[PDB]
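The data below hold one chain only, encoded as structure tokens and taken in the form solved without this ligand.
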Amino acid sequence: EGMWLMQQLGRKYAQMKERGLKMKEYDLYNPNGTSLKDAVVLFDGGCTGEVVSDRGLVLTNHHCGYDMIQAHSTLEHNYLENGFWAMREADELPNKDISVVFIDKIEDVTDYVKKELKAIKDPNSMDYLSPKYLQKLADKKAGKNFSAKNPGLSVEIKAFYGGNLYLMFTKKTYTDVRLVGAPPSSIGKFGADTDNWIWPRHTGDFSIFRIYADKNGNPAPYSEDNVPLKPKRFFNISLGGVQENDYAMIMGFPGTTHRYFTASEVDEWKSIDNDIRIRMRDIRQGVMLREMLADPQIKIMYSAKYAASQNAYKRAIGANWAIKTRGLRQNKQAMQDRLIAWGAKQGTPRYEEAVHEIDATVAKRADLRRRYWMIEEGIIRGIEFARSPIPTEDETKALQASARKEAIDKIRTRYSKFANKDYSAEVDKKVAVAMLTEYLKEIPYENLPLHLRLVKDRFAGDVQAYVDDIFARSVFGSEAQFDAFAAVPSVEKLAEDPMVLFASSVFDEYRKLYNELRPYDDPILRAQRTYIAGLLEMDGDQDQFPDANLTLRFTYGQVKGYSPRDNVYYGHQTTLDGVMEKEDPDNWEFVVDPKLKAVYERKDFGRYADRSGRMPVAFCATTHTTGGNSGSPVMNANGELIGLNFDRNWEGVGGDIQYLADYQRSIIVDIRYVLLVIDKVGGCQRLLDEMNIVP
């Protein structure tokens, strides 16, 4: 069920052994020695990766290395669709702005931090959650010259359990991380967006990097003189495969969970956050898809923006499915009723008062939060011309020296970014008319961004006329209209420009609401510190995990499918047969790499096929994962690598609030399929020879 601190491995090891863990506790995590933990990295700030050779080879997801593959892709060498295989170390490609982070040491500093916080005075100081304050405390504990005396090392303190527990991490950061290997996009992103959040899955979602360092294996920025890192620990690769019910475990960096939501917060998340996102994105996506299906040129222009909107749309459909069908609200009521009853028995009313502060804060902000999500989904991300240019002060002064031309030239640049290759004013007008029609139905006049009152006042409720007028009269309405402005620019034109006044007033309302709502965060944070303290004192720090906060966690469970619905079973394992049956040459998302087809047709699976002679692609597990777990190593009972986490099924997204044992799975690319693609598709034998592959 949980995402456990490395500190909590002692407490869980017995349970883990019962479930079939075979390795010694300290080979998995040793607080004062080298352990398997030392082979796990935070990859590029948002993913997990793992070291898989004694020359610093790193596996992570294809979607995690996507930006680095694309940044090295040209018309000449298109690595994004052809894939990339460095045939010698010297051909591995440097990456600007990349990091991998090792967790060198972890320390409980809870008492240290609570001692320091007693120098407060102000009882509702938010210093106990402030990264600046906790960094001051980290530096004090580490030393004034720590990073100078310990090259490559830094320290960080983070709050857990709502501020009831503090850990200090000693981190080692490398920034010379080179692209070694990537499958073609047809494999790395086979389902593309259609199979996002979907099990069964057939995606070979991996890419390969290498950590470089100085002659001593100490971090250094890119240099021709850097050499592969010789790490203290790397994963062995298993070719023994998985069977239904096999023990599996993951280490990685889950981003965020909401395991201590009150019932009132579940209702809020459903009825404001989720319902508004779902309603507004469905309107936006409906207009966009009509327009994409009618015009192939609009399809090419709007396809990335359509997919970008669909991704969190799907997550929200999945979350609301959990709220409706798995009793998330009811289970949090039960949790808080049980605490309140226990606090009544003990004669301590602070737990009931804490739950009541949370309910009262949620109820008080309901209207503001609804108006925020309506403007953010409806307009800020719903309407492209919400993000049209707004003149700075350094521009309006300059228009009224003769650096008039500098101001125009800056605004021109911003206009061209807004009205770029992928912008259609006609599509944006149709989307705007549909989104504004919904917004104006849901937000009363007295709550409208100032400019949107003109719909009632000037335009007699005609949303189409209001939108038509914004584009007819705006200097950003068309290239011709801007060039007329740029020739005879006056500050009076800009100050009265309908698109500028639109963009200004919707962004004013958005910030006004943001600023009104941020105060309501703190009483909930403070009440949560007391709430979670009560939950742990009542039920113990043993069957209820601290919310994810982008720190190293382990999770364990089994290779197991699930039943999505009556009379339907999804198994634990997909095969290359599943790729071939999805092949559709005319649908760019489901194209199959010819070498991979050939490999399938000729059953050229070598040592990577299963018992049956069938070629595995992916499996799913009852491990507890969330965003941040993307490139996480999946381990054997023996701690050998059996795959790479890359997704989770939509039925499981509500698992950030309440783990769903019968529906929530981690979606994992089989390491056997990873090696097959390297070997038979990449022809990159040196990478196989460099890894340690166990019979």
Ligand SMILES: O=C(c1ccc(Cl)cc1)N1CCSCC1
The other form holds:
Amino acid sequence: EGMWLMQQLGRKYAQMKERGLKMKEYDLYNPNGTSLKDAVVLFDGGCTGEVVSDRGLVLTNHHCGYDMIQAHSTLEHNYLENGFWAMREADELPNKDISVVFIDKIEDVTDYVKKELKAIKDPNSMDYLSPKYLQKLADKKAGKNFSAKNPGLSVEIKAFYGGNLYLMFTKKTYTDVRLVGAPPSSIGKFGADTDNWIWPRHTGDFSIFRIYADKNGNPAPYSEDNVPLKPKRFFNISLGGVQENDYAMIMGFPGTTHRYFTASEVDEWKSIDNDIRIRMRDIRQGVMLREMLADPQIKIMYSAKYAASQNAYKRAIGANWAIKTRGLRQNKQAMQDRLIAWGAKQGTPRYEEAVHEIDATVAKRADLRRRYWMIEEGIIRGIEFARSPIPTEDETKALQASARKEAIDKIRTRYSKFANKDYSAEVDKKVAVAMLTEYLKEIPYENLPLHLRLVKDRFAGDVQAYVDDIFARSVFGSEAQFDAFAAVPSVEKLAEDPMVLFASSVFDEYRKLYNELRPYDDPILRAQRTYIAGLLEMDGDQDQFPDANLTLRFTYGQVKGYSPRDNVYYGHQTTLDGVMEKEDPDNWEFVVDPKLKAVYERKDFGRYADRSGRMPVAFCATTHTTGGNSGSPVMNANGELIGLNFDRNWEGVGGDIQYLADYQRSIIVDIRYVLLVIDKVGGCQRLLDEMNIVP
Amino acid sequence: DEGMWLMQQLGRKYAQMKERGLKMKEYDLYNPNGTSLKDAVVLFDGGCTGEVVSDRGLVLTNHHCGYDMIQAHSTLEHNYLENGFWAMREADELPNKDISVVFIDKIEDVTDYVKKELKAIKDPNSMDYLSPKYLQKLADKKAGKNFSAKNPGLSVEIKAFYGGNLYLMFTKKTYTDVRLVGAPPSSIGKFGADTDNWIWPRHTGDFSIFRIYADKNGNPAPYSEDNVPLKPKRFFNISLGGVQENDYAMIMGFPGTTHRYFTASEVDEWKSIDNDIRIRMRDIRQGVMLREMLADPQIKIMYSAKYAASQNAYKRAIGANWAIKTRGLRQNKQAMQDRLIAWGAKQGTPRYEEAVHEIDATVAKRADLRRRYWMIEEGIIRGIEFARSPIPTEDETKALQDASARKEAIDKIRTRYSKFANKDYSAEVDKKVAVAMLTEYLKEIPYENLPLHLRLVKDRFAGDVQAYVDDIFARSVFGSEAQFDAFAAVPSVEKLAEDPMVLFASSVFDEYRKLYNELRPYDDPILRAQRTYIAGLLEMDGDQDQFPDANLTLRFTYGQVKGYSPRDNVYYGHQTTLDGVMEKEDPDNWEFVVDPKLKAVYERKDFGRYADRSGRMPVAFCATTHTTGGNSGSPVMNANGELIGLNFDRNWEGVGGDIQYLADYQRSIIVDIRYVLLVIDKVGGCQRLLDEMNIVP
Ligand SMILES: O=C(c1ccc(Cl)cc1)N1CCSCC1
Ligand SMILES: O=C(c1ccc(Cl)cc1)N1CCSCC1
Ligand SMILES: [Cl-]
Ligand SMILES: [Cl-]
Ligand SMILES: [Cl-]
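Now that the form solved without this ligand has been shown, please provide the structure of the form deposited with this ligand bound.
Shown next: the complete complex, the earlier chain at its head.
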């Protein structure tokens, strides 16, 4: 049920041991010594990774190393579709803008931060959650020139439990992280978008990198003279596999959770956030699909935009399923009613007052929040011509010196980025007509972006005519229309351009709503500090985990399947047989790598198949994970690497608010399948040889 | 392989059934010379199975079996299809016109008799051995002079089995006054609707209740207000003990057809011609229909049923092709025939190998013709609605060419036009379907093999399929109502003789009939060789683990209540519950709406004695019994012969089971009798039906 602070390992150790943990507490996390924690990294600012060799080899997900594989792929060597396997360390490819962060030390600085905060002057100050303020405190505690005295290191203070606990992290950052190996996209992304959030899963979601450093193992930017890092700790790889009910644990960097939402916040998340995103994306995706299915060239141009919209659409469907079926609202109501009753008993009304302040703030911002999600889902992300070019104050104060041609070249560059190879004005007009029809029926005339008032005023309610007119008369309606403008540009033409005015109007309203809604966050945040303090004072800091905030956490559970619906059971482990059953040569998502298909036919599984001769692929566990846990190491009761976390099932996406023991699972690629792909698909024996593989 | 066994085969199967869990005495289940459980089984309305469940002739069958009778009695004032129907007294039960229930009174092996009569052969190639006319002449000869009058209600029938190697005579008792007694609302009776057709897990309460009526002596009689409920010689006891995983289960029913003795060449033909053409053509048709239904809510209303009707055999063909590809159906037929050929060679009898060769050569010879037939049938005859547009008859054409019979002909043509262009017909949707169907058809079928009118696509329209279809509607008398009325006002034979829609419809039906006539002769050599082939198989491995193909006759099948794994890491258990109905509820999707009375029963847990030991409410179960179409409504029995359920469907993974039974995938989908009695009790409130049944603890 939790994403626990490293500091909470002492308090949790006895329960973990009763659940199967065999390793010593300080071998997993030592606050003043080397531990397994030292082999975990924050990979490229949003994924987790792990050191698996004495020469700095790092494993993470394929979707985590995707951009680096794509940036090194060309028409001649397409590493994205064929994979990549450096046969020597010197062949490993450097990556620009990459990083790996080690969590060198973690300290509780609560009394320090709470004493510094006492120098208040304003009870409603938000400095207690300010990265700028907390950084000034972190620097004060570390010292004037800490990063110069300790190079490669940096400090950071973060708030936890709504501002009731503060931790300082001493981080070590390496920026020379090189691509070593990756399976083909057919393995690394087998399910592709059809199996996203799905269990059973058959995806070999892994990629291999290597941390490089200077001669002393100190952080250094890319240089041809950099040497692989010899880390202070790396994971041993287990080949013993997994069995149902086996103890499993994960360390990683979960991004966000909302475990202390009030019942009113659950209703708002359902009725505004999720219902609007669901309704608007269903309209958008419906029109896109119709057009993609009717024209194979539209399918090529819109496949990625369609897939990108489906991802949070599916998450919202999964989250609304939990609100409707798992009693999320009710359990938050029971949590707050229990605190209110205990507060009344102790003669302290501040907890009930705090819950009331949250409810009243939610109720007060309802119409504004509805208008914001409606314009964001409906227009800002729903309609492509909302992000069409808007002339800057510098560009209009140039068109009306010969810098007029420099303004036109800047506007032209933006126009070509909007109307790119994947942009269809006809498809966009069809999407806009459906999106705006829904938007105009939900947002009243007095709340509309100024230009959308023309639908009723000038176009007699004809949405099609309004959209047709934007493209017919706009300088960004077609290439020829832009060129005619570029030849004779006047500021009066841009000031009255229907597409410019639409884009300006919708962005003006989007920004006005954001600015009007931002002040409502602070009373909720301040009341949550009091609310979570009461919850901790009442039921204790053990069962109630602090919300995720991109900091290192541990979670434990077991390798276990679940029943998704009546009379259906999904086991704990998928096999290579499941990849073969899913093969569809004429569906790019489910194509099987020929070398992998041959390995399966010949049963060339070596030391990686299970005791029954079946080749495992993936497994699931009752660990509590979220976004940010993407390439997390999964450990045995002995702390050996058994897999890599890569996803979670849609039935558990509501788990960011309320953990669902009977449904929520972490989706993990089996380490035996990782080694089988490195060995029989990549033929990269040197990577197997540098790992410490235990029988 | 698992079996749809003849009643005669119960004796030789009894010991295996007992070892599998059967507890009842052999002759209590079937006795040729006395009353047995077999006497409580009926053929319901010529294509379903039913069962007598009371001493007053109450009959249980599926909701989809009694569907037409529930619909015929439904009005805007009393919609029994939507709300259900529950007669609170016997006099309130509704009569049905054109209904029947058939009891199998006696079954007799008449093989020696038929085989001796056949010896009077005039042509060794004669198909009389499979002729219903010939076999009826033999049945009438054996039964006696004027048997129908001497025994009212009874009739005799001889059928061939094992490709003409075994013959059985059936003495049938037919009742035609069968009244509607009860039915759940469509929300229970067809819960899955078309989404869950061929699907396990399943949550559908697929049952309906009827009653057999007869004269004062229990003898068959047509509907009369003086008819009294039948006091039958046998009825099923209802069990409330439920089912558990691995429990023995058995079914009696009337499976229609199987192809257990296909050669490997016939499996390849079924895959590459029958199934691939049906799959490809229906996917094109359904694809266009769906786009139009999704774009216009009025097109969705008009085409929903046509779309659903096409998807049914489309899904079956997808399931059958999955078995051919993954379960080794072709290979196992090849191994079956190779084993017989090897044994025949050792015996010095080459006639079995000669028979398999004759089947292979016939399959290879008819390939192009069969391809052209399935292509036109799936592509045009079924695929395009204007193929079934009006064609003026030879007498209608003559009637138009100096009498009052001109207005008579126009009224007949108008009636047919109004049936073609009905409230559900869209000419625009049909033109879109025809353009896609004909594009595929013109790609597969060469110019010299095209129906005459389709040659105009290349000749007159420069290959433009859209122009050809547009022209059919623009210039045709049946292209619109106004075009028909203009014709009806000034009708000339010369206008009909050159009508593009008439010529298209005529051409495609001419080609469809020419192909049928050219292909029909190929059936006979296959049939004759199958008689020799199945005789060899029976002589070699015995009439013991090789069941005779289904032929709409009474069979029994046995197995166990067991789930299965459909794919890697997925298990489907043996039993669904009322929670599964609730998880599937969608108020804005007509298929998954939940009856309010049923939803309340679930919330209050008002399950009475019908819930399982854990307090869960059972809905349906699946079993390793071997069933096919015709088994809808079949009684499912306990080891004690008590009714535990009604068969109503089978999973898509087992549709290949008509050729090769699939032990690890094929399951019969059965509605639990505890759920049937729960709906009668807590949803219908029809206590009198519960009271007349013999319910065992
Ligand atoms: O099948 C579903 C789904 C889930 C719940 C509900 Cl209520 C409806 C549909 N998906 C696809 C996988 S991702 C989540 C949405
Ligand atoms: O989903 C399928 C299906 C089955 C097998 C294959 Cl190869 C492809 C799709 N259905 C379910 C309804 S009944 C049969 C068709
Ligand atoms: Cl290190
Ligand atoms: Cl012979
Ligand atoms: Cl099988």
